[PDB]
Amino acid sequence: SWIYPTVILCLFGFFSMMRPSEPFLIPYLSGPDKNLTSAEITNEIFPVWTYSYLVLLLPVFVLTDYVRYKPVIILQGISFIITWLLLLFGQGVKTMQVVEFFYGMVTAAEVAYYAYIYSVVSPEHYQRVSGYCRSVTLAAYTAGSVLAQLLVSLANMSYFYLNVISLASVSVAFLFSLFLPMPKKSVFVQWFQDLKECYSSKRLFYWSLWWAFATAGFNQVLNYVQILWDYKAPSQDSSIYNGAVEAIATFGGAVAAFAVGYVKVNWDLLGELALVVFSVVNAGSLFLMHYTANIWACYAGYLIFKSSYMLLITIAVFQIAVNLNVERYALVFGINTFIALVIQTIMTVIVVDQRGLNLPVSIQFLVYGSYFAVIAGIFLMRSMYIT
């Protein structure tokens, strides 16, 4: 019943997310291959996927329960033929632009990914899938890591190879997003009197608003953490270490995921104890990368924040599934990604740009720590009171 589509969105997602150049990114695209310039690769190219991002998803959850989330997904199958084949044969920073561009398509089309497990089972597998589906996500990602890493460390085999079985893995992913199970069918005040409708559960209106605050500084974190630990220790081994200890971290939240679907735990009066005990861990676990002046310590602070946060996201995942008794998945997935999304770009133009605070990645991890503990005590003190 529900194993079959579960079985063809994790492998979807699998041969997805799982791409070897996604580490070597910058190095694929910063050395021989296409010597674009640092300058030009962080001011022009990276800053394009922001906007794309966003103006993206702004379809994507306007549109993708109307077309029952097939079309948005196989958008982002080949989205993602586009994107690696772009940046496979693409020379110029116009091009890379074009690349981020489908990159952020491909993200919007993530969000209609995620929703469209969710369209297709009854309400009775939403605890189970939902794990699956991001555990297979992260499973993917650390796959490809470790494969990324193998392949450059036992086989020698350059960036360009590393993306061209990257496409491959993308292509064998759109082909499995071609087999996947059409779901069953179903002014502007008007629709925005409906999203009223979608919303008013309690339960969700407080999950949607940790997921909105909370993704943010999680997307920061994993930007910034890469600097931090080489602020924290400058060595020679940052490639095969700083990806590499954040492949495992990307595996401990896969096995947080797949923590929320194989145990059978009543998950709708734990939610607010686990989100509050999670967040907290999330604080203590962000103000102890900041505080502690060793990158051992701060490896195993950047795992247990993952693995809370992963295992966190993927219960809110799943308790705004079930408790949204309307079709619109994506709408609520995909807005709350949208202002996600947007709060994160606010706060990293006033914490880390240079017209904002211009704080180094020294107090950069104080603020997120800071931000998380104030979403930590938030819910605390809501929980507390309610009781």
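Between two forms, the rigid core is defined as the largest C-alpha subset superposing within 1.5 Å. Residue numbers count along the first chain shown, from 1. What changes on going to the form solved in complex with the partner chain:
Rigid core superposed between these two forms, residues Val48, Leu54, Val351, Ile41 considered: the one with a C-alpha shift of 2 Å or more is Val351. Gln236: CA moves 2 Å or more between these two forms after rigid-core fitting. A movement of the C-alpha atom of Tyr28 falling short of 2 angstroms is seen between these two forms when the two forms are aligned on their rigid core. Once you line up the core between these two forms, the Cα of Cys133 stays within less than 2 Å of where it was.
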Contents of the next structure:
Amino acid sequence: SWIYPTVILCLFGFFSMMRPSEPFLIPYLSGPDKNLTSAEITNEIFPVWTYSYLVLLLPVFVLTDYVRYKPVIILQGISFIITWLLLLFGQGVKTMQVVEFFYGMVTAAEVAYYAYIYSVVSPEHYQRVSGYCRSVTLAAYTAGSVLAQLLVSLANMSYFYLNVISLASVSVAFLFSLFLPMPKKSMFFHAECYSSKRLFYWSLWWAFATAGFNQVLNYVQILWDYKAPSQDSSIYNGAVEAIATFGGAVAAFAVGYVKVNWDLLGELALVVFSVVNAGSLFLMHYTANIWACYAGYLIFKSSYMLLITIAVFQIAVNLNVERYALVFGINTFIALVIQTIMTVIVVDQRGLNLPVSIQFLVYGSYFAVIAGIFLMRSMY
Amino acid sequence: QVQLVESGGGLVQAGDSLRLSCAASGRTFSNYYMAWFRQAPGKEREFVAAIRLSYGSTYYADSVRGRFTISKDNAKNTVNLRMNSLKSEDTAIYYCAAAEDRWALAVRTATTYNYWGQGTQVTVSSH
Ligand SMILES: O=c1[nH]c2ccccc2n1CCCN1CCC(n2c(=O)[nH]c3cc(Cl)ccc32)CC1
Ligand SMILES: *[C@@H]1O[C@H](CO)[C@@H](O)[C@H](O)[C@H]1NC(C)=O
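Since the one above is the form deposited without the partner chain, can you give the form solved in complex with the partner chain too?
So here's everything in the complex, that chain up top.
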């Protein structure tokens, strides 16, 4: 029935997302392991992830549906293995750009993971099994983040061994990706709804918030490494990341439980949470104390999770199961276009080339402007 | 015109260390890049390192990353390049060049820099 294609997929989602080395990425790269500078990391290497992901989004989206999901999941496993092999052994900036490209391929393939269950599970086990597949990956994420800090601070393991552990995790994640059943059907090819205007409003807010959050998460660790360099101070990235994820999870559940007529309160809550995210980013920027920087991050992630859960609820409440894939694909594509434009303008060496110390001022202003744009038409 | 002056290059024993210095002059340098390029006989001009004097950002070429280290002596304007563990491949002539910090600057492109110094050889000999 719906068990085997759900246990296998959830084990894949768990082991793939349990990567203890992700929290300490910047401390690993800029340390004696790789000798990369902060300026290079922030202005030549990291921007490549946005570009490769943007380029590979749509082709992967079409390929998944034509090829019926599993082979794309297998490709994602292979990309995990290659990315972490390069991250372990690859050296220099020229290889880190390739690493970023392969990680962009990894992220783009996430479509063929979440959508696979729909093609092989009945429709009376769709509603719930979606929750299992989300929760398993989220729990894996938090567990990996907690394990990273536990090991680093109570065992004294260098950041290289965290990457070794992450590679060992993704290798086993790939193994469970060969065992799924091949779907006998698919959504569109083996089987314009935006005409609704309110869906367009919710999609715009979803896309803008996702772009801003994806940029901030991409360039947060560099801020922590500049305010408290790992070379001579205690760094608490794993625990902060775990607590931020747990706060986001509690926020997502709380929004799901509390019953409120979102047709009236959705815009107000979205504005309030955008203002909270702007203020928290400004606090995370200006303050020299590191602990205030962690607290600002935590507040940012929790508020963003509340905002995004409200936005997702409003969009998906009227759409069929079939339209979900296409609608969210277009919404993430617009998000990536926006993210690429802003990355090129701000961070890229072919643009302003701002350092991490001033980037977050721009990001805070961006979130404040997102909040303020929707509030107009107040007299007359 | 902005006058640049390298100083501190010469013979050095293979595997041992040396420090080059580019005593920039003739203008204010609070908004300037300052990068070192080299030209071994028979090869093209190569990028070696760069420093953004405003934010202090530093870039390095993968052939020297970890071995060389570039720092600014602000009180004197004399940018420095410290070469540690020079290897036989480091024989070259080293130039220091500068460019006004502006939008869309390609740090690693030798055609970006408006001002160049007369250069000074670093003959990394091996017995
Ligand atoms: O922070 C954590 N803790 C995690 C625990 C398990 C799984 C994932 C975790 N994350 C990721 C969230 C923060 N995360 C945000 C972006 C991440 N990232 C880029 O932007 N480009 C990357 C390229 C490679 Cl090769 C690896 C990571 C990359 C790094 C940190
Ligand atoms: C990084 O730089 C340090 C500087 O002492 C050096 O000892 C180390 O070997 C370098 N490592 C790599 C992988 O470049």
